[PDB]
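Here's a solo chain for you in structure tokens, the form solved without the named molecule.
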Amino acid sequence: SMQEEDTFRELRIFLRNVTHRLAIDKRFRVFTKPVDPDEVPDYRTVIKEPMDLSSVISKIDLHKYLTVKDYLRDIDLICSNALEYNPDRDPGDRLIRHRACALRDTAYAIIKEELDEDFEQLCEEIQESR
């Protein structure tokens, strides 16, 4: 229905706002663009499913996310890709892992504080019905 399409547009507007707040945070600058194959050719071979905040904005605009649960899976992937590719005892690696964990924790805390559980439940029920 038109009503359900309005509900999904509402969800996309909220997801664009959360993603913009993460992308302007100086800590998360490394997560704002895909890894440049020139600089890191080792990456696309170690990392099977690359994800960054620019690509998240792309997935929202293409209607790939119908639930907050769907969105958070891609946040979790940004974080899990950084921890798996930078596991070394080495300050540079420790710094990116701390920032990746802070990105994940921030996104979960915004959604916990701001979004009503009944709105997510609604978005899920429309998804399941299709």
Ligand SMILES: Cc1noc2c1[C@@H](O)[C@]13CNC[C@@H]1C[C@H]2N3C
Contents of the next structure:
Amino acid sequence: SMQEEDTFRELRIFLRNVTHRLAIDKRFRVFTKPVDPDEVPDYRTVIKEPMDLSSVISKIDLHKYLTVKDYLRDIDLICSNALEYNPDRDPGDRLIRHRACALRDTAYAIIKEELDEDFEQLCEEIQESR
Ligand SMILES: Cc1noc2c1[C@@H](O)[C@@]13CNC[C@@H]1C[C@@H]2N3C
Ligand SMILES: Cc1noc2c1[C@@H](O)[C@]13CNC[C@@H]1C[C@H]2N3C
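Can I have the other form now, the form solved in complex with the named molecule, not the form solved without the named molecule?
Next comes the full complex, and the chain you just saw is listed first.
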């Protein structure tokens, strides 16, 4: 229905706003673009599903996310990818792990404060009906 298409358009407006706020935070610059295969040819041999915030906006605009939960799976993948590629005790690895945990915790905190649980449940029920 038109009403259902309006619900999904509001979901995309909400997701774009959360994503652009994460992308302007200086702590999360390393997560704003895909890893450059030239600088890091080893990356795509270890990490099987690369993800970054520019890819997330592209996916919002392609209608890939029908629920909040769908979107948070990709935020969780940006974080898990950084934890698995950078697992060592040295300061460069510890700094990117701390920034990756902060990106994940920040996204979940904005959604807890600013999403209504009934809007999230409406999107699930429309998705399940399709
Ligand atoms: C902050 C914030 N930004 O959007 C929202 C908030 C909450 O206060 C609220 C709870 N009931 C009405 C508010 C609208 C929406 N919502 C989840
Ligand atoms: C994102 C991301 N996840 O692990 C890494 C990144 C890069 O920023 C990088 C700096 N340039 C290539 C290096 C691989 C590595 N590291 C910190």
